Amino acid sequence: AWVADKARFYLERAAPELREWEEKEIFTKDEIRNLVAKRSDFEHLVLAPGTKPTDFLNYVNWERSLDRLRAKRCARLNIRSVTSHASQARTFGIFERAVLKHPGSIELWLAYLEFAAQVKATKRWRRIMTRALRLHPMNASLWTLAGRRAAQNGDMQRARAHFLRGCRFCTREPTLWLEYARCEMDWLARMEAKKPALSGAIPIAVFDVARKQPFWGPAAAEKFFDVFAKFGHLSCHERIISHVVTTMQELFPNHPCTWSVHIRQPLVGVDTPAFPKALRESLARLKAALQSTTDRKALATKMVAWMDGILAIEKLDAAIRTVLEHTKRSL
Amino acid sequence: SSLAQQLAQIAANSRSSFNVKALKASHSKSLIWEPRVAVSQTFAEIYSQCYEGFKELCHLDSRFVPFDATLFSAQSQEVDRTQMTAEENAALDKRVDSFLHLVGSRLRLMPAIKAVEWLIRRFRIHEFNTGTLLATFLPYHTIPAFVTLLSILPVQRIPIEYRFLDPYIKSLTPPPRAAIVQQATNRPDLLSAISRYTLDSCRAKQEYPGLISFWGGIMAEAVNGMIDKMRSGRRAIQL
Amino acid sequence: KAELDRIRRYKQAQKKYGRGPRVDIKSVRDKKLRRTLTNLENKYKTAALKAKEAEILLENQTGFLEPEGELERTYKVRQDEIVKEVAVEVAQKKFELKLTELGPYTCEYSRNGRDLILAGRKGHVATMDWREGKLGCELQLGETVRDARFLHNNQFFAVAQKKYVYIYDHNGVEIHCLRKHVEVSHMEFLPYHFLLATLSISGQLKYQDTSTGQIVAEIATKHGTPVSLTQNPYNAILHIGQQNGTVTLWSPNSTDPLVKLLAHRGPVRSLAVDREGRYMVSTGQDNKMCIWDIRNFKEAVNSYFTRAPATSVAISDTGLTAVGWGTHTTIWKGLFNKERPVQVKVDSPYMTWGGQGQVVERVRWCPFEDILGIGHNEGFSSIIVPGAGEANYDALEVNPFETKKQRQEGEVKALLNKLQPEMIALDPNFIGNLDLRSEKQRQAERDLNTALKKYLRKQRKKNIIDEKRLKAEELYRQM
Amino acid sequence: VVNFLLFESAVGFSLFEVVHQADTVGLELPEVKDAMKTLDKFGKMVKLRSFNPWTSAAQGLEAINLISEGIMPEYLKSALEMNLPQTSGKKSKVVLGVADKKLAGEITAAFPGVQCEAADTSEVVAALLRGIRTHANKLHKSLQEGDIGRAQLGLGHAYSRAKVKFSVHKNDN
Amino acid sequence: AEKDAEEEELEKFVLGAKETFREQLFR
Amino acid sequence: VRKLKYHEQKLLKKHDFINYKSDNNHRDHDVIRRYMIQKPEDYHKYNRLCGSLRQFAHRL
Amino acid sequence: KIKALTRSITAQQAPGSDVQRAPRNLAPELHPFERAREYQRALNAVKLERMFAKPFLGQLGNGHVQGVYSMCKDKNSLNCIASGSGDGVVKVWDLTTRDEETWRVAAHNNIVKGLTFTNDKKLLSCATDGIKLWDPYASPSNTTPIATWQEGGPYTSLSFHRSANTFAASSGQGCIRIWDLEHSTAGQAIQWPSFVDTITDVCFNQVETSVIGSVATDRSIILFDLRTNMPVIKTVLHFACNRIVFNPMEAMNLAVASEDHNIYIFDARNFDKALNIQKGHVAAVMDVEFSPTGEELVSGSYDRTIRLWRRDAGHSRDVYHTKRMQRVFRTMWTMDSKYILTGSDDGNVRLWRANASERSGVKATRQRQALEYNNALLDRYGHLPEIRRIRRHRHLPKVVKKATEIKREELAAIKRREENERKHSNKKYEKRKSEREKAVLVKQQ
RNA sequence: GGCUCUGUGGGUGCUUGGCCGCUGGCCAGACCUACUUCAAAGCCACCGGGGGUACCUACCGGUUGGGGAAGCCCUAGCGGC
RNA sequence: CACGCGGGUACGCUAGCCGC
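Protein chains in written order, with the authors' numbering: chain UF, 2 to 196, 272 to 347, 350 to 409; chain UJ, 3 to 241; chain UG, 36 to 483, 562 to 592; chain CC, 3 to 175; chain UR, 46 to 72; chain CJ, 2 to 61; chain CM, 2 to 446.
Calculated from the structure, these hints are not laboratory results.
Backbone N, C-alpha and C define an ideal beta-carbon position, used for all residues, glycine too.
Please note: incorrect hints may appear among the correct ones.
Restraint-style ranges between C-beta atoms, simulated for each label pair [claimed, not checked]: (1) CM/370 with UF/98: 15 to 21 Å; (2) CM/239 with CJ/11: 45 to 51 Å; (3) UG/63 with CJ/14: 43 to 49 Å; (4) CC/95 with CM/239: 45 to 51 Å; (5) CM/55 with CJ/14: 16 to 22 Å; (6) UF/23 with UG/208: 50 to 56 Å.
Covered stretches of chain CM (chain CC as the covering partner; in silico rule of three or more C-beta atoms under 8 Å from a C-beta of chain CC) [said to hold, decoys possible]: (7) 92-104; (8) 335-342; (9) 360-370.
Model the full assembly from the supplied sequences, consistent with the hints where possible.
Dropping the structure here:
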């Protein structure tokens, strides 16, 4: 432990900002003595041998709240000469030696990404995201954060880069695959609302490659359909939904999930006279499904869950509502 | 060795630690944690655990909300009691005595023991308020928490009236009611201290039936033994 | 303008941390020398500027007391009022040791203020850690005791007995006695050199190297027994103070005194000298005390008067001084300000300790706390005075809370950087300056009517004829 | 001159990035051997760049039964594609340090811009991977879930049983 | 007052609250 | 003082705090301790008497 | 308004932490004897570096049988050395495993005068036989060469190009001749037009490609431009030059090791005067080599000494010697610029280190800060008398010490004769010619 | 009721006040920093015995370069011995 | 070159005109 000699540099670096704040009338001298003592205690806690990511986050939160307090006080005392750049630089320094000391803590990596995104640092955010993905490649949350922020920026090629490396790594759970199909169809909806893409064959290709993965269950394909069924206002949405249903019917013929997609298929983009027409079609499918030879307890639990989802909406007729209740109660 | 006697009185009257081993021992003295863990604990960890304890105590009883502002404050994480003046130390002593009178009823509970552990590990109540702390733990003199408080108490910081506890500090066993009653019949100071503690609580209406039954039993047995001592047969001596 | 604060900052830092005027880069004729000296001037300027900017991270605050009303004055403040108004960890340090039967006592702190040694006249020498209240040693020694002094640590101390000095370990076990130092009446330990300098009653001053154990230079002060002795902490030269009334400045590299400041008509009774080496206050037998600028060797102000011949005087880490005369000491604040070019006299003392019949033998400042220890005939008495004491210490030089490992490492580093006793002069930063005679001889070996009568008057007495004198005779004949 | 180095262990394979590389002439010197001993003077040399753990003991078993036979696995190719800068060796190469010579040849044949140095041939990368194997518990401990001892124990048992076919003709208990 | 409540909360969190601790003591 | 290292010892070759060369191998202390002399002054008085006796033998 | 200074021990350790807090005040009142304490630390630094100055590191293998008369490093790799002895056997060494050689062959009949590595992996060697090419790194070991060249007179030295497969061999017919591997057979012979004396050494400039320097026993240096194949400039010095070399960071500076016991640092654009004259030897200088950082020099001399130099020094930084080392013929750095190698006449290749008191490996920060602090402190206070005498004291063998005392006496006598002839002759009314200007006799094109 | 241990006060020499900048004051203190003509006479000043002496120091005698108190004289001067 | 606070064209957002 050379921690005193190690923290001497960070205190001597933070000193001239305190000299500027003392030569302005923004912080008084007793308050600056308090800032000196608090930063000194924080540095000698941070550079200690036995340290913790919560200790690094407490120091980050204190420095960021000091920047916010000085911003409020500077706007109140009407000064424009004092800048926040030194505080952002030292907060980046705290975070860089934080991710040096504890690279295996995703809470601290995500706090670093939240800070770098919040003070408008996109290129630095991309570099931090690359380092975090290299250290935690099995983390679907980090991969979806990278891909969704690249899609939110609009660099769809970079979003596909992050997502295809993520689906190359995370193949135990379906989560990142579902989020990639969600992002690709959101790109398809953006390409539609801007008015290949005319076919929209990429989620069908995602399904065809996902057919051979170690998570490939009927529940996983039902999760694929439950992702796909949102935002039906598209062009090839009926093509995608019909391909999912014929894949599940050709592969898992008598599963309750396949009977559930047989129930809930024809209600794609409905909200309105086309609503109860397709509801009567789907209820015919549902009655045939309930009488048919399938695990009725599993199919009934699926249908009462979907019927709670149905009952969550207003603006319907009471006869339809009470016949949903009557068909619910005997399950 | 008159110089060694004067220096022994100075070292016993001194209060703040002045070398690193003394600071580590005085920080190691705790109620809950073992000493090997309690050396290496900053005042944010202790404040988090003991503020969870005080949140439970303040949800139990309503009248702990001024101590939420003055004793268990996030600023009271940082205050060193040995750096404030005599009037600040006396007002802090009044606040501590009021909290101990308030917390004496719930002291079998682990929230209240966590709150007393915060007072002990921050404000050093076992050194600066040994009288009120020892008196508020005296009605619970049959419990392991009293055994631990007796373990962490300094020896020369106990008042003269409670110096019957020295064999029970040398061998860590809870003292019996026979020992407390016999020292109450022998010393008037211990009986006056117990009665002064419970009357100072009962004037502030922070009584509880354990304390009332404790004081009633010990003053009854102490007046019994005191009459059996005072009886003499000679007329002027019995007068 | 807004840059006026910048120019004021640079003037202040060049005053304080600059340690010299500045290198004149315009007079440099060589080009590579000009750009390297411009580089060096930029580096030294940012060095002083960064030290001044990093003087904000100092933790503690200097203590003080200031009178509020117009009738209230600072010297009428009672110690009970100070103890009531001050914090408790520093109100603990105001104690009093009552040791009556073993002579007037003599206090000396260690140079971090951890342990103090107090020695009675009839033998009772004790070594205590006065804050923690434990005594490291106490021993009785029989015979008289002239002066007791800590060495580099609180491990070894040195006591001046009736004939010799003896140095002792931490437990009081006598390590050895020094037989060359006979009848030592005064001692002073140079801290950075490892020399122990002893004035005998005969007037002989011996410097003994404590680390290696050989006496470096026995100087014999040719005139009289010495009355007092102090030690400049900046030059490590010894201000001894004689009985004819001059103080003389001594150094182990000369048998004559370096300067002799003429002082009071009677003997000087006590001396004290600032830790920056700026000023020296001396108290004489004639009832005056007076201060001197040491860097210019002149008297700063008029002589103050003390109302008795002052037995001791010791000045603090800040500007305070305690002059202890008769049976009560008085503390003065503003005797010598560093910033003022011409000093002014102080009207009233800063604060006075009481005269209640205990004659003051020696006053000493605890080096880092705001207290003052007076050793008197009834024992030791520590009083608290708020303005004194350096508030911010440096943990590399000397540490008031030094652990065992830090004390061991610091003792080894001080042993490695002990200074040789030939590195002692009036200006301690001379190492690397020019030998002007040798430089003139080097440049010589590289490049290769009113006085000419006393010339012949001096050279007619030899009687060597010496052809330059023949030329001078022909010149005198022509004149 | 090494740029990165692979290091495969029972919990997974991690590649370190060297900064302040090792002196190659004074490798047999006592001061450099003491530097390779002490973690406080070898962690200045290595900085952990990437870590890839296994998904399951079946993947770890396939990993040993590919790596010991020599052939590299597809997920090792994946993590090298992710961590190494994509080059072809026409104007700039990347020096990787690997423990085995056959794995070196295969990584160089899969990535043409990566020149691999085997620990069986090169003493610099031999001493450097030796130091990482020495301090491998502390270089990974920020993301080492649990320990390495039981992982090495169970993985050595699974590898030996797959090589021997133990359970199909041990039945007497 | 001329201070926001969010500014006073940031002042109590960042800078300390020693003066109001002494004020809460002396009541 | 701790035990000096190799280079620290080579730079402080002539250093020890305990025994100087003027202490005469602590012969005074060893003789006082052996023969229970309660006064080091009594040791040095006996020693200067023995020295005057030896110089009388030398001039004889 | 009373307030005194209160110090908790929280200012030394906060409770719950093992960090000993060290508060620092940089005011000069607290730190007396600044210059004196720094002088004492500089004196300790000089005595410490004289104690830990231990420069000999090892010896490559069993060595050779007869002396090592040529050796050459691989400028692309870092641990490939080769050395050719006097009985005409060459060995290729690997610096990582110094226990035994990697590849040896009975190359020639006579001594191996020059030797070099190609840029691919192969090595070349001269002799009086003629030059040969081998493949020392092959999966079977082959003793036989894969190319040989005898026409072109008796060759003396080799030098390989930095980038391409070109190399120039200095012959004894007064010409150098330049081959390109894989499409040239006899090479192109470039010569000064009427030149007879042998060209001893040849050196490609590694920074500026296609500039070739050479020395010749006409006490002359000659340049060559490879782009327009002709010589360029020729200057005659006073004594013969043993070896030319170029600076690897400054393209125009060269150094000649010469029989005047001297190293002359020249500028290739202006051969009027020497840029520097390093004079420290006793016998003739056999080999000179710049450091790959371009700021230091090694010279192996014909007496038993290696002398390490800074580039602007003009006098020895270090001298290395050994009773077992018989003469010194070829000294060259490793590409670390930390260790130097010495091919002797005892048949030994020795590995010394430059910066004899500076140990290698990874240092902790408070270790390398102490070393850098000592070096900066010696840079400041190195000229004071005690520090100067301890930093200049080095133990020389008795023959070298006696002969440098004789050389000082003879040089002082020659200076006194010249000064007396100047004071009593007609040369008194002239400007004193500087010694760097006196270093060159004539320059011609 | 007894032994032991500990503490305080008196005594173990013939009784004249607590403190101070003391012929006067104070015990609740008060005022605070002035005033000044001419630095100083010399000597002594304890280390155990025999021995060495390169370096430092002390004492004694000198050598170069400067410096001029004082003594003596007179052509009077920015003087001369 | 730009970097704080307001009303604007515009927000499950901040890109753009002028001020404080």
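Against the structure, the hints come out as follows:
Checked against the hint of 15 to 21 Å, the C-beta distance between residue 370 of chain CM and residue 98 of chain UF comes to roughly 19 Å, which is consistent with it. Range check, residue 239 of chain CM to residue 11 of chain CJ: about 47 Å between beta-carbon atoms, so the 45 to 51 Å window is met. Roughly 45 Å separates the CB atoms of residue 63 of chain UG and residue 14 of chain CJ, a value that falls within the hinted 43 to 49 Å. As the Cβ distance of residue 95 of chain CC to residue 239 of chain CM is approximately 49 Å, the hint placing it in 45 to 51 Å holds.
Between residue 55 of chain CM and residue 14 of chain CJ, the C-beta spacing of about 20 Å keeps the proposed range 16 to 22 Å intact. Roughly 54 Å separates the CB atoms of residue 23 of chain UF and residue 208 of chain UG, a value that falls within the hinted 50 to 56 Å. Figure legend: the segment 92-104 of chain CM, annotated as covered by chain CC; annotation consistent (4 residues with Cβ-Cβ distances under 8 Å, at least 3 required). Only residues whose beta carbon comes within less than 8 Å of a beta carbon in chain CC count, and the segment 335-342 of chain CM has 4; three or more means the coverage holds.
With 6 residues having a beta carbon nearer than 8 Å to a beta carbon of chain CC, the segment 360-370 of chain CM meets the requirement of three or more and the stated coverage holds.
Checked against the numbered hints given earlier, this structure breaks none of them.
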